[PDB]
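Given chain B, put chains C, A and H with the ligands in place with the hints provided.
What follows is the residue order along each chain.
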Amino acid sequence: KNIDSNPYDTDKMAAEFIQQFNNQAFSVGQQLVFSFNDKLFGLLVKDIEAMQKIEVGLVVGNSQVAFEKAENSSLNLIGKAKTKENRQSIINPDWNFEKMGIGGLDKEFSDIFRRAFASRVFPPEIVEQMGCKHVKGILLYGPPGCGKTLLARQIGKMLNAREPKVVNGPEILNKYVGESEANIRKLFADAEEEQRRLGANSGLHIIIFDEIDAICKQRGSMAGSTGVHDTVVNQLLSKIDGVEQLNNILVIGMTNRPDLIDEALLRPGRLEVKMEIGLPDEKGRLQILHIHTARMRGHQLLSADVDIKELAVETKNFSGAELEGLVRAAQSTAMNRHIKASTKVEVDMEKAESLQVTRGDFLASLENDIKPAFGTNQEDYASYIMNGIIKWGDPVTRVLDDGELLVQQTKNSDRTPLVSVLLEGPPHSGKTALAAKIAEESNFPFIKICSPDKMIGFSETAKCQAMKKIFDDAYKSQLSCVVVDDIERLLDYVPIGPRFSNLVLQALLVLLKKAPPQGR
Amino acid sequence: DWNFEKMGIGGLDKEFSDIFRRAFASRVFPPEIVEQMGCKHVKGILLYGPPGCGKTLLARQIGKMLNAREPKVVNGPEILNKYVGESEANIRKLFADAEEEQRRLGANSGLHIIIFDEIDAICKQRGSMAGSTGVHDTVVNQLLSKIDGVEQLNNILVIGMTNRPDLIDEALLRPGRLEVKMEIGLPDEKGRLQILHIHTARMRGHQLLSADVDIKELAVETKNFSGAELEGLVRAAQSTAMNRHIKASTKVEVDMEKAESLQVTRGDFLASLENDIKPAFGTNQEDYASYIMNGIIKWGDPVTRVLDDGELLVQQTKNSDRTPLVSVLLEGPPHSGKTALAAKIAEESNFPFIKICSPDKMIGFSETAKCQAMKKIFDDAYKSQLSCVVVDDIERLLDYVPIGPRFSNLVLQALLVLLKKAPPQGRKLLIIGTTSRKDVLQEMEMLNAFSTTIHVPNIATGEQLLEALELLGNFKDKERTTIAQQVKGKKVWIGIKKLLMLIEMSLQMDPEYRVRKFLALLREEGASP
Amino acid sequence: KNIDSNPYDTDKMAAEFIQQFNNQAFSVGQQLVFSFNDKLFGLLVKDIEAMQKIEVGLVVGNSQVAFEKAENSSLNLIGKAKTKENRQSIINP
Amino acid sequence: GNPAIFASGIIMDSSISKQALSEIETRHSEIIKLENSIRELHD
Ligand SMILES: Nc1ncnc2c1ncn2[C@@H]1O[C@H](COP(=O)(O)OP(=O)(O)OP(=O)(O)O)[C@@H](O)[C@H]1O
Ligand SMILES: Nc1ncnc2c1ncn2[C@@H]1O[C@H](COP(=O)(O)OP(=O)(O)OP(=O)(O)O)[C@@H](O)[C@H]1O
Ligand SMILES: Nc1ncnc2c1ncn2[C@@H]1O[C@H](COP(=O)(O)OP(=O)(O)OP(=O)(O)O)[C@@H](O)[C@H]1O
Ligand SMILES: Nc1ncnc2c1ncn2[C@@H]1O[C@H](COP(=O)(O)OP(=O)(O)OP(=O)(O)O)[C@@H](O)[C@H]1O
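Residue numbers (PDB author numbering), protein chains in the order written: chain B, 105 to 155, 170 to 638; chain C, 212 to 740; chain A, 105 to 155, 170 to 211; chain H, 172 to 214.
Only chain B is shown next, with the shape it has when bound in the complex:
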């Protein structure tokens, strides 16, 4: 009934304990009641040591007592005589990495843990001798469906802190003056209050921004909404790091376009741990498939024919979401194979017991259902090669051999990371078919065709942006091959005049000699 959070000086109460219980016998495990400043406390003897361990001893004037608060006790002890402060760890005792359910992101997690949590788990006393603040932010970016939100959620339920607040996109905007800023300010109030109350002992707080690029844009750039967005950005900047200091927060943001976010918001002392989540390699695919097919193996629902290594090999440039969808479709096929009710839903039982997902389901689903965004597409070749290839003379063989030589050079060289080639001839000679037969036999993990007939009626800027998008996508694979056909149609050339689009020509000329990032 009399529990209070007010601090208690262990030194004064220890001196009072010595005064009251001098020349008195005490034994290990002895239970008693101590009155300090009219406050009653339950004391239990834990260990005794002669000035050697002794079960029973006599308290004397120079006896030393060290006090530690009981487990789950709200007692606030302050002093140096106390030895155990019972600082509750900031991590749930149950957690271990394997149960997180994330595969193919070992290095990134290692870096985040080192740079953001290393200082919240080392013994506090050592930390206090360095006088260092804690990091205050993390930023995540990458292509869609690679596992950002998953990591944010897993981190959120990592810690022993309270539940994390969530902001779903631009759910803070409002029409009346001075309402958005109020919504922004409402978020930090609990942290400010707890800080003021408890100082260094406050618990941790977490805030998660979703699609942060929809709110924080460079100041002075946009038009038509400069006032509102400027006010929001200024309010956020002031709150995160202002005149009054906070030391018990952590902010996580995630976006798809890391370039639009203001610059003053990404300096040390603010969101300063930037990470990139990219496509996985072979080991990552193997780990993800292992994670997503554990329960079935446990319950013996998985046939003995399936070999996970083969599936890992055969799926190239896949992303996590697609690896999940593949398994889901494979399971749905088997589940439907037993149910048989077109007229009215009618489940069976005889073979609803021996459910077995087989290799055939995996293959059939892989060839019909999933279509990776960065993979190779086959309908394109069907459309662009409508009557096959006819060997009517040596020149065909010559051209194909030259294409093969170029492909081999670009795959084995190191001093020439970029190559080019031009195919030309009289009209109605069939250049496009040959180009799309030299791309198909390339055997690269990424192929694409950029044809004018997908841009009918576009203006110059639209065409420029489309080509730029294609090349940006191509820049994210260990290999690639892009076909640009009918250049004159792209340029809108007409002999009268002459007339043409200068902007597209300049864009193409620049792009033709830009090297990709290192190693690709």
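If you're looking for bench data, these hints aren't it; they were derived computationally from the structure. Please note that the accuracy of each hint is not assured.
[As the list claims (entries may be wrong)] Straight-line Cα separation of at most 30 angstroms, DSSO-like style, residue types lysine-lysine; simulated pairs: (1) B:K335 / C:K581; (2) B:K529 / C:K458; (3) B:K254 / C:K458; (4) C:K689 / C:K709.
[As the list claims (entries may be wrong)] What follows is a set of in silico ranges between Cβ atoms, one per label pair, in the way DEER data are often shown: (5) B:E442 / C:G342: 55 to 61 angstroms; (6) B:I196 / C:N365: 43 to 49 angstroms; (7) B:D532 / C:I507: 15 to 21 angstroms.
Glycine included, every Cβ here is placed at the ideal spot set by N, Cα and C.
Only chains C, A and H with the ligands this time, still in chain B's reference frame:
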């Protein structure tokens, strides 16, 4: 009990001295003489500068330095409200205590501080044009009236901080309202040394810092680091060791036996420099590696000559006093490898600030965007004591094409104007520019702007080609001899960047056909000097 | 006061009940208190079957216990040692 | 689209009324008389 070293601000001695002289000098002298002088007191301060240089820190420390009331703090647009006439009541509330204490205690009152953070959010210029009235001008009018109105106050002090000193209304900065303006900029070497000592004193106190760590080397090695970045460096260096003593991949555990020898060593600092912290007004080796992709090889005399002529220019811009702005143009035929040489010279300059403006990062931009981007890049170079800038492939920057001809006039005018604007007094700038068609620039009347020119040649003799091959080492002794007999009695016209590609193309054949294909390609390329 | 939604393994608590109350008399409708993992629960005897329904019996080591949460109770029972079952008829004839 | 718009003026509305207060006086008056009566009975 105040003391300067307790403030913990390094590298800002002169600014603080001036602020103290102008603002607090008259509130400490004996009152009688001040009365005999009949002077009022300054009632304002404004601070501006690039992000992360130590404004808010200075404001907070000033707030702590005074034996006065507790300062009132305003966090950006914290006063706006939706009901008519409330956003001005909020303003008026701030001065009530000052007014009352003045009225009561006459000329013996205390001192009241007010701090505006991000002032430029609610104090923009008044439209002053009918129908273009700003969204909120009543706030500005109320503030102007309150700071200095019909009734007189003598016990206040207002401090403002901002990043854009160009948008604040001009009536708010006359010598009556906000009289002392300060620019907080990047520090020099001594400031960096002081900051590092300030942030490492505590660690050094408890023998947590190793012996091999020397501060002076770090100070020399970090060029154009803002204040916050040094702190970030130290923080990462600390975190590394603490991680070293934490095993956590299954269950977090903190070995407490080897955790009592914690000590920070230089290797941590080096790793942190390499990976974690990246400045904004400095430079990093990634760019040069991106441009100088295959190094530089001495295939003949001219190379050396070129480099020498660069060195001289650099020296001049460092020691000349009449000419604080020099420029040069590198030109030559295509595939002669000129941009690489410019990058090499710039890297060897050893200037603190090096930036490269290239068309590769402006694809699809409209001409206005190009103008603004170039303006920003140049402006960033006016805030240093030494700068070097490289303009790459001028012709691509203008969007030139022989037919017509057709080009962008606006960008050309921008450049022409921008090659003779001297920087703020006392600073030095160097500009290098690359191109591949001199004549066109000659017609546009552009060679007048530049101060000189340098010529980059091709390979033109068999001996040079053989030396280049030997340096690259692709072909061995017998093949080299065969090539010599085939080529030693002729003349050649080729560029290095083309030579590499020819070698790579040749290497793909079978072991016993490479030489013949290489020779065939070299013949077919054609000279046309 | 100590009501919580945390799951409770019916198997473990049934085994503990058998261990604690083996060779003890139990009658239909009997009310008692059971301590499981330092948590106090009210138990009411609803049915007794001989190893036939019987009014009173003796709980032995191999006696079987089936637990059902009280009406409107927030107790979260998990495991197979419970009579409650759920099946959704999301389709109709 | 439209910049943030100010809100309009407020028009409050008092509840109690003179005549309703005469009615409340009607309510209150009888209580004192009833009190006199009960005090008499107790006495
Ligand atoms: N590394 C991974 N290992 C295992 N499964 C993964 C991994 N990454 C993603 N997944 C699976 O794929 C899903 C991807 O959803 P998620 O929300 O993580 O993507 P996202 O990056 O948020 O997408 P977007 O950013 O486009 O909204 C996860 O819910 C999970 O099922
Ligand atoms: N050996 C071959 N080489 C090329 N095309 C062939 C050959 N045998 C059959 N074909 C067919 O000839 C047709 C050539 O049409 P294609 O569109 O490739 O020509 P094109 O040069 O693009 O035409 P245009 O110049 O009018 O744009 C295709 O249907 C192709 O499959
Ligand atoms: N001269 C300095 N000496 C010591 N520390 C400094 C100095 N300048 C900056 N710092 C460090 O920078 C930290 C943050 O700097 P500060 O709060 O001044 O940022 P700021 O300049 O207000 O940034 P912004 O422009 O975004 O408002 C300080 O807490 C301090 O550690
Ligand atoms: N001695 C050298 N001088 C210059 N470049 C060299 C030398 N030796 C090797 N190289 C390499 O040759 C290449 C020169 O290509 P670079 O881009 O500099 O040529 P460029 O003249 O800019 O091209 P273009 O005129 O077609 O735009 C680079 O990879 C460079 O590192």
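Verification of the supplied hints:
no.: 1; hint: B:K335 / C:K581; result: holds (20 angstroms)
no.: 2; hint: B:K529 / C:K458; result: violated (41 angstroms)
no.: 3; hint: B:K254 / C:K458; result: holds (23 angstroms)
no.: 4; hint: C:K689 / C:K709; result: holds (24 angstroms)
no.: 5; hint: B:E442 / C:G342: 55 to 61 angstroms; result: holds (58 angstroms)
no.: 6; hint: B:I196 / C:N365: 43 to 49 angstroms; result: holds (45 angstroms)
no.: 7; hint: B:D532 / C:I507: 15 to 21 angstroms; result: holds (18 angstroms)
Hint 2 from the list above is the single one not met by this structure.
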